[PDB]
Every structure is written in structure tokens, then in C-alpha cells.
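For this depiction, one protein chain was excluded, whereas all remaining protein chains were kept in their positions.
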Amino acid sequence: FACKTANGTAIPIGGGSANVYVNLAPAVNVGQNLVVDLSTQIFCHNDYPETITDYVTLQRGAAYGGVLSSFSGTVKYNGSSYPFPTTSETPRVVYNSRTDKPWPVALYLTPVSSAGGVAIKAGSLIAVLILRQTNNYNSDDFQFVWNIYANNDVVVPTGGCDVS
Amino acid sequence: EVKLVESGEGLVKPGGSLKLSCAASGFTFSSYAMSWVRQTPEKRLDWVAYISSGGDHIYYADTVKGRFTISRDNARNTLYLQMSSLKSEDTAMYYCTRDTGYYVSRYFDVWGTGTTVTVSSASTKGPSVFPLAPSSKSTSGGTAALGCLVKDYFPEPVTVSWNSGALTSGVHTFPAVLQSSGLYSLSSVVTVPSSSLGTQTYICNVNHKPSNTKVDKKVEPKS
Partner (left out) sequence: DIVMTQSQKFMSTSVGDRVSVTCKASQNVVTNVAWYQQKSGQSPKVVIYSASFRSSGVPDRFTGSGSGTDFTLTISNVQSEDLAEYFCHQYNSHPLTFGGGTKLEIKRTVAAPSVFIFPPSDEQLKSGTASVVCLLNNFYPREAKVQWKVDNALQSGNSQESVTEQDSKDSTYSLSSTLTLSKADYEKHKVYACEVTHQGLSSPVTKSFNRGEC
């Protein structure tokens, strides 16, 4: 069960924690989406599909930085939707391909601020996902930890739109 | 104002190396990353290299990785693209731009002057310039055109100015390109009434700095 980040980072078979650098829009108004769409940055695949067929879940989520200052949103995984970090465990998706396969995850965002300036701390850690992997042949239980790194400081629109 | 000064051009035989030098002006360098992008002349742009504002994060595209290294000094305020292991033409218009790299999102906001990179087999060579001997018969009292062909030079910077700059009637610009493997050629055009075809003549000046050729070719009608 190998994997690779679109930036060239790769976690070998067995587990580990890796860093991904994702880009974000320079300006988000009142709740557009501020999505990450990690389905173009992480690609895991299976080793021996003849007998070993992998099953990939999102074990847990966590948020850090300016998201935990004033933000909210949802998370997508294979035609579903959950709130900010999943308090429950989402179901499994079968990885059974000896080929590249985008991981269908995202992170929707929306500002709960009323009057603020800078947001999403640049170069900081936006979120952490924990790819849990099981199989149909062994009790293999590891954690591909992925750490979302902010690439830019997202600026909330300035003051205005007020009445007496 | 912000400017990105550029220097360090030169023709390179395959298997060589050049150090492209780029400096900045008008801001605080330590807070902005830089990138190198090649604009192939009026052709396909290609992103060459990225370097962080500090110098710890360094990535290259598949076409340049394994052949390029980059560096920068925050205090010295001068980039350095040290590139080697030349292959596959690579003939582009290399250009240092301030991309708002990691800790900001990629923009390639401001660009400077840029430098040219050529990878061929021959060496530096000087042009030969030949004017366009105009015919007074074809004018019929109307208008006639001529110019100054500048053949066989390498590499390819041009100027276009004619005699003493006192020829506002006529030449402004003409960027011709090349031939297969002989050498390069361009020209320009003056198109004026036939009084000059009656009794007048000019000269044309053309420069080429790497060969250091400054030609003032004078025109005489051919009888």
C-alpha cells in the first residue's frame, strides 16, 4: 500500500506522517467555499491486488490556526458530507488499483467573523487528516498522517456594508 | 518602484553551464520569494524554477530538474540561477519574476528586463548588411520602398534606426526571424515619394552587441 503527494512527497509501505502544501484563494467573502480539494494532491495505491485489496478511511480530523479563530465549514468524502473535524468514523473506500488514484477528500470553509482582517496563517498547519487503512487479508492497521499546510494568508474583505 | 534587473546572457554549447544573474529594487527582499520563468519568444511559456524567500524550499519542473540549481542571498539582493547539463534546444527568453511563493500564493507579480539563452553549434559571428537599391521607374511619380537587409549574425539583438535619426518618414520596426541552418536575417522598410528617388540618399545603422557590430550602410540607387 504505497502513496504519493503531488509535490513529490511519498510515504513508504508501513505508515508515517507527511506534509502537503495546498493553495487557497486570496479573498473569501461571506461563505463561498474556501475549499482545498485534496483530490488532486494525494494518491495512494495498492501493492498486490491479487490477494491484498486495501480499504481507506478518514480516521479523524483536526483543525489549527486561523480556522480555529473564526471559521467553520464541512468536509467531503466520496459523495457525502460531514462537519468540521469528524466526531464519528466515516466508512471505507476500496483501493484496489495498481494505478494512480486521487483521494476524494476536501475541506469546505466559511468565515463566522463579523469584522476582521487577515486569516489562515501563512506557512502554518491548517488541518490534520489521518488516513486509516485496513485490508481483507491481515489485521494491518496504520495511520498515513497528512498535515495540511497553508500557502497564503487569506484576507477577509474589509469594513463596510453598514447602515445607521 | 519595483524593478528586477537582469544580466548574464551567452550562447552555450550542449553540455555547458551558465549563471543567470538577477537583482531587485524597491522593496524588502526577505519577505518575498522569487521564481524563474522562460518566455520562449512569442511562444510557449514555461516555469523554470522556484526558490523560497529564505532558501529552504526549492523545487524544479521535470524539464529542468537534474540540470539546474538556484540560490539567493537576502542581504546581497541578487538571485543566481546556476544551470548546467544542457540538452534539447532550450532556446528561450529566460526571465526572473517575483512570484509570491510559499507563505503567499503564486502570482509572478512583477517582471524586469529579462535575458536570452541560445543553445547552438556555431559561435559568435558578425552580420553583412546590404541596402535595397530602389528603382525610380516603378514609382511612376508615386511612392517607392527600400530598406537594409542584415544577413548572417548570431545571436539576435537588433536596432533599427536610420541615418542620424532624421528619417521620421519611413523606418519604424521590422522583426524578421531566421532560416534553417545558415544564419539569421532581418530588415526594415522606408516607403516615401520619388523625390528621394530623384536626388537623395540615406544610411542605416544596425547593432549587434555580442559580436559588437555597428554597421552604417549607405544606399545608392542601382542604374
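Which chain is which? They are A and B, in the order written, and residues in each are numbered from 1.
To be clear about the criterion, contacts are C-beta pairs under 8 Å (C-beta built on N, C-alpha and C of every residue); 3 or more make two chains touch, one makes a residue touch a chain.
Participant: Kindly name the visible chains that come into contact with the excluded chain.
Facilitator: Even though it is not drawn, that chain still touches A, B.
Participant: Sort through A:14, A:26, A:49 or A:91 and give me the one touching the missing partner chain.
Facilitator: The one listed residue touching the chain not shown is A:26.
Participant: Which one touches the absent chain: B:95, B:162 or B:202?
Facilitator: Final answer for the missing-chain contact: B:95.
Participant: Please identify which residue in B:58, B:61 or B:122 touches the non-displayed chain.
Facilitator: If we include the chain that is not displayed, B:61 is the one touching it.
Participant: If you put the missing chain back, which residues of chain A would it touch?
Facilitator: Looking at chain A, the ones touching the missing chain are residues 6-8, 23-27, 35-37, 39-41.
Participant: Applying the definition given at the start, please give the residues of chain B touching the unseen chain.
Facilitator: Per the touch rule, chain B residues meeting the hidden chain are 39, 41-42, 44-47, 59, 61-62, 93, 95, 105-114, 128, 130-133, 135, 138, 145, 147, 149, 151, 173-177, 179-180, 182, 185-187, 189, 191, 222-223.
Basically, only the chains that are shown with their structure count from here on.
Participant: Just give me the whole-number Å value for how far the CA centre of chain A lies from that of chain B.
Facilitator: 45
Participant: Per the contact definition, I'd like the list of chain B residues that touch chain A in the complex.
Facilitator: Spelled out, the residues of chain B in touch with chain A are 59, 100, 102-106.
Participant: Show me the residue ranges of chain A that touch chain B in the complex, using the header's touch definition.
Facilitator: Going by the criterion above, the answer is residues 7-8, 21, 23-24, 26, 122-123, 151-153.
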